[PDB]
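The chain below stands alone and is given as structure tokens, in the form deposited without this ligand.
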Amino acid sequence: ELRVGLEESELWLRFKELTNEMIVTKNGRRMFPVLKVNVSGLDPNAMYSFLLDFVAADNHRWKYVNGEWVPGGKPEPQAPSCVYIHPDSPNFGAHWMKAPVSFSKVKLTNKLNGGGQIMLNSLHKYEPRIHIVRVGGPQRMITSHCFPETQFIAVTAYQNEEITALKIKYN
């Protein structure tokens, strides 16, 4: 049985208890904290690619109103996010298992781009998700895993100064 763990769950949970926020820019902004995943149970000799996407956790626009995030009442279906390929992809199971898989180079944007950067909708809530794709082998296989601890609202600037303080304290 293939095992997937969040590294530094302690810290992510401090952000989640405040409602996490991630900056989006036209050119793309790197995440803090960085999603780092512990993986065991891969075939050391098999080939895998690590993919990252962002599920829209609900169909609502969120607004920071008198110091609290509150959802709107005009839900729209959410067009699914594009996939980011970990730049170490494709690689042997042994490569992926020798240290946490760190998505330090994904950039979150609010504008459709030349590629690389992942476009999110500002003021929408997202749940990071990975896909571990066994490639090249006879049988293709996909194992997917969500990280509720890493949920955030995409923002063009921080609304909650308690998030601003935590981002600086731990970066």
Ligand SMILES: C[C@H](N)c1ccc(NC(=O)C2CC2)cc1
The other form holds:
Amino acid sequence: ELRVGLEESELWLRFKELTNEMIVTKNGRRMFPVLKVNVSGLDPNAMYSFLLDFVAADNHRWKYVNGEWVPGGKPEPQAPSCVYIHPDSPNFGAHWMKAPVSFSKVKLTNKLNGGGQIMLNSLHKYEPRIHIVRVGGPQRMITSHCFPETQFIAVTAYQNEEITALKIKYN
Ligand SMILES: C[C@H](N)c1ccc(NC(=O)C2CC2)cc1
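Show the same protein again, this time as the form solved in complex with this ligand rather than the form deposited without this ligand.
Next comes the full complex, and the chain you just saw is listed first.
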């Protein structure tokens, strides 16, 4: 059975309980914390690519109002984010299972850009999600996993200084 787990969930939970925020820039900003995933139950010899995308957790614009995040009242449908391919892709099960799969090179942007960078809507709430795609083999297969622990609001600058402080404390 394919098992997918979150490395350093303790740290993600500190950020989540304060409402996590991730900086987006026109050029694209790397994430802190980094999404790291423990994976077991892959065929060491089978071929897989690791994909990352960001689900709009709700259809609302959020705003920091008197030290608290509150949603607008005018939802719009949220077009899904683009997919980031882990640069080790494609690779053997053994490669993916020898150490946590670490998405340290994904960059979050607010502007449609060349490639690499994933465009998010500023002040929308996102839930990171991976797809483990079995490639090359006869039978293509996809397994998807969500990480509620790693939810955040995309911001152009931090609103909650509690978040600013946690980021610096642990980077
Ligand atoms: C060059 C770069 N490492 C790269 C580019 C495309 C893919 N395509 C896939 O694996 C798709 C089937 C899921 C993988 C890696």
